[PDB]
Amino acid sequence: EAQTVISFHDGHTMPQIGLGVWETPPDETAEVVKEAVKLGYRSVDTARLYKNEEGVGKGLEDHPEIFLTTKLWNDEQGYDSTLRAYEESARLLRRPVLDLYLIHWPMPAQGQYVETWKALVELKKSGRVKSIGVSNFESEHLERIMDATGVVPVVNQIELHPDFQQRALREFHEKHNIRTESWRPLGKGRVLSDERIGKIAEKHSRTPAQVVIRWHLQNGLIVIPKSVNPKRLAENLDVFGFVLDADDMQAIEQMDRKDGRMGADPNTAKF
């Protein structure tokens, strides 16, 4: 049973499951990363927001194979300011050339996300980063940066889980060959005790989390769950030895709620 990967339109390839090092203190981040690389994680995802890029970079010291993503935080948006921020991140992460760089939030009220994207375009062209994408962009924000540059992000990383399945945004993503990456894949844990999920989990001799991760996978989605517990890390990774059937997939499809969003709305988010 091999892990799966997802390929971008730009010809690059990313592991389909990664580690979201979001809630890890800077101090024990190196150690969490070394542990997950040991368990078999091939993709690590962080952000300037979490302030632990130095820890990630140390933890991946002798592991340049691990796919590495980081994001530009809101207050560093702007053309020159993104180019600096990217460089700084590259140094903190001890990787001269990053595998993926994302705009963390569009923040439409700032007026800066198009110029930020043009900085990312330039980072791709100059060869400073392999792939460029976005996080938390609505179709409209995507339309805008595509119209301004002619350059499509390879990935849009968005809140996505059984309660909020983001179908219309994924329809839009499809048309432009944009991969979907789910953050909040487990819905802050709400799903871990769902009966509908629980029955599917019994049927497959797997756990609720594993059923849910598999569901992301079978939908073609890049999935970065987070976990402190290396017991849950090993669990989350052990998802390539079963298959959800058509009944399973439809039953989860049916969980989608209009008020399923748990985190910030891209259009009204204010930090």
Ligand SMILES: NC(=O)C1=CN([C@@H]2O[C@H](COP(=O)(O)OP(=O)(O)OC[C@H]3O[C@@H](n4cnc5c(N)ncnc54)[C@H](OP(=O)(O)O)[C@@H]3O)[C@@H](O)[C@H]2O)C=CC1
Given for the second form:
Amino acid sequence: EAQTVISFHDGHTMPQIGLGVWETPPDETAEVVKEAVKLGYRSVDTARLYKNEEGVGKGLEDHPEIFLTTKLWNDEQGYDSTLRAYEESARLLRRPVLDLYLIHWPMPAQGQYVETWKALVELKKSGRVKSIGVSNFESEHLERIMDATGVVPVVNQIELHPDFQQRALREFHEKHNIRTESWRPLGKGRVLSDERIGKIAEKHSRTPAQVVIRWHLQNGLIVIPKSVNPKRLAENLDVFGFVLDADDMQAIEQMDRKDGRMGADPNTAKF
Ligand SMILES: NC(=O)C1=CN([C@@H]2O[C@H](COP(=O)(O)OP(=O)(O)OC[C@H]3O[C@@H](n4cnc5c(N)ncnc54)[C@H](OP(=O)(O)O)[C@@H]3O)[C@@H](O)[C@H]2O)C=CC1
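How about the form deposited with this ligand bound, since we already have the form solved without this ligand?
Zooming out: every chain and molecule, the one shown earlier first.
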């Protein structure tokens, strides 16, 4: 039962499930990354925010095949600053050419995300990075960057889980051939004890976590679940052995809530 992959509009391809690295210190980070790779993760996602790209870099040492994504933090937005930030990240990650680079937040009040996107466009044009995308962008922000550059992000990585399904934004992505990547895919773990999910889990002899990740997969979404537990890491990846049926998919669709968002709202975020 092979893992699936999602391909971008730019012709590049990304494993559909990856490891969300969080605020693990460098040293523990290397060992988590090494363990996850041993387990069969083919993709790792980190961010400058986390200050652990050195750890990820060391954990991926003999693993050039692993799809590597990182993100430019808010305080490095700007054309020249983003160029410098990308080159620093590539050094710390010990991968001269990264697979995906993302703007972490639009931060509209900063007024810098458009010039940041131009830097990413230049990084892609010059061959310094394979693919470029964004994170936490609303449709308006996507419109702005596409209008200014004519270059469409391959991915927008957004908070997405059964309580907050981002349906309207996904309709916009669809229209522009932008892939959706889900962060917080388990909604902090809250959904894992939901009865509706539990019933679907019993139905397939899988865990609630496995049901939820499979739901993201069946929606064509790239998913980066986070775990520090080797057992849960293994479990989260074991999701190519079953299929959620139409009834299941409808049942999860019904969980969407107007007040489901758990993280910052892009339009109002201040750090
Ligand atoms: N682009 C952005 O702005 C942001 C991106 N992110 C990304 O998304 C993630 C968000 O964090 P979080 O809400 O914790 O993410 P998730 O929705 O992936 O939930 C992870 C939590 O659930 C637990 N868990 C994972 N697998 C299982 C399982 N099989 N069974 C039971 N429990 C499980 C974990 O505990 P344990 O680790 O002990 O297994 C952890 O506490 C981070 O990895 C980060 O990379 C986060 C914030 C912002």
